[PDB]
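Next comes just one chain, in structure tokens: the form deposited without the ligand.
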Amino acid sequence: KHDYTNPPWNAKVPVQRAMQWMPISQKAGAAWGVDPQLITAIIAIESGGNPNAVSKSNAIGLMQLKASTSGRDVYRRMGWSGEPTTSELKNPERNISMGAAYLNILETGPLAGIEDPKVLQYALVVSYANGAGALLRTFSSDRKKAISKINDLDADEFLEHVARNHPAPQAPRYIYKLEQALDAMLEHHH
């Protein structure tokens, strides 16, 4: 299985920088029914709080949204045509709003039916990172039985399952990082 804890990841500075955006994250989380600390952790992991981050593949901004994929998914959810521009994705308020929208899409879409909010949290970071489809297929080729299998595990067993069974090494590591980010956030009484 993936040695996902290696190397240790110090969340202090990445969470401190993501916390700068918390007032936006609070409002975005409220609008979309999404946990602002989950938003904050994702910013910390994805961009380390850097609103100008651009990946090899042109994922953009605080929550690393890609116009042609997640960006477009959000626009389709809102009933809008087309997709956002690079410039728009760079704007921190728009970026975080779309990241929150995307987390809601995952929750209400492919991940609908997961009972344990902690398991759901882990299922969200894994899907955001490496795709809800690939996570589900890790359990069963049909969605229905995959969710049923997910429902039989507690949060620790879910991590374990991902560590042993997910093709992408980064998947279980995203859960490790998330917990490191949650630990760091304990020191921010927001």
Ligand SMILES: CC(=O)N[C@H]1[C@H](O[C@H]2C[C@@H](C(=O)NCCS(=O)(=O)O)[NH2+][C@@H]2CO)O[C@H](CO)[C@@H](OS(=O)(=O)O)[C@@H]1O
Second form
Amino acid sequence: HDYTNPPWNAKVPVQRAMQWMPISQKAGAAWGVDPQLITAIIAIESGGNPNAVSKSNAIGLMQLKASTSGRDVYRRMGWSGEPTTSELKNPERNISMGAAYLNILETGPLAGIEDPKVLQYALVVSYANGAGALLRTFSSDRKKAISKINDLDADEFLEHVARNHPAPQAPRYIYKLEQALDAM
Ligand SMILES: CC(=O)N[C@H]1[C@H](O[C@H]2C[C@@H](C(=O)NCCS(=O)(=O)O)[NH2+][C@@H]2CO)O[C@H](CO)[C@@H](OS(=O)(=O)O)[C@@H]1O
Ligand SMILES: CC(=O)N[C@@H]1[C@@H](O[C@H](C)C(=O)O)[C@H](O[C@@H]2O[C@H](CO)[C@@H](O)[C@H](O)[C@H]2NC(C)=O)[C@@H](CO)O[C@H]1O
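So that was the form deposited without the ligand. Now I'd like the form deposited with the ligand bound, please.
So here's everything in the complex, that chain up top.
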């Protein structure tokens, strides 16, 4: 299946995502996450609409599900429970939480990925469809998965995701990421 069709035109989504850049820069510097990756994710997830709600109830600029990333980010803060839908519609909270989740993905399940480009692809695919789902396409054992990921360059990683990831959305996300980065 051609994960690049239909083509995704990044101009409008990215330009709108850029209007949130003051928040993304601050969030990014706080969590050690690249503001451009944050901007691309905004463009891709919501096209810059802070009230966006997906069919699976992902919410806001960076489309967080309260029950997954919301819960995990709260945990990382030392809090119980999860944010509300309403709370996820607040731009600052949404972006700061998205940035925190990216940090959680990089420092936890994706720790050990050597090539920064491969890591970037792995992050967006984990963000969109879950780290476990990504890692299990390489191995049931996390260290082995990371090891296998480290054997690939960024283009080979994309190819593996396109061939082996059960979610069709996963490789398309990488395609959109590159479209988005260029519109910046
Ligand atoms: C940032 C965030 O909340 N990411 C979560 C992602 O949301 C996705 C789902 C997707 C979505 O809402 N798709 C529906 C698109 S549509 O309505 O059919 O058009 N958008 C969101 C951000 O990428 O779903 C996966 C898998 O459940 C989760 O993986 S998990 O940790 O293993 O549970 C992950 O936490
Ligand atoms: C054809 C296309 O690419 N449309 C974009 C749309 O993608 C969805 C998945 C679609 O094909 O209908 C995109 O919606 C977001 O897509 C990402 C995955 O790429 C999801 O993680 C988000 O949750 C989706 N958002 C919502 C609200 O469901 C939208 C976002 O604005 O733009 C379309 O260009």
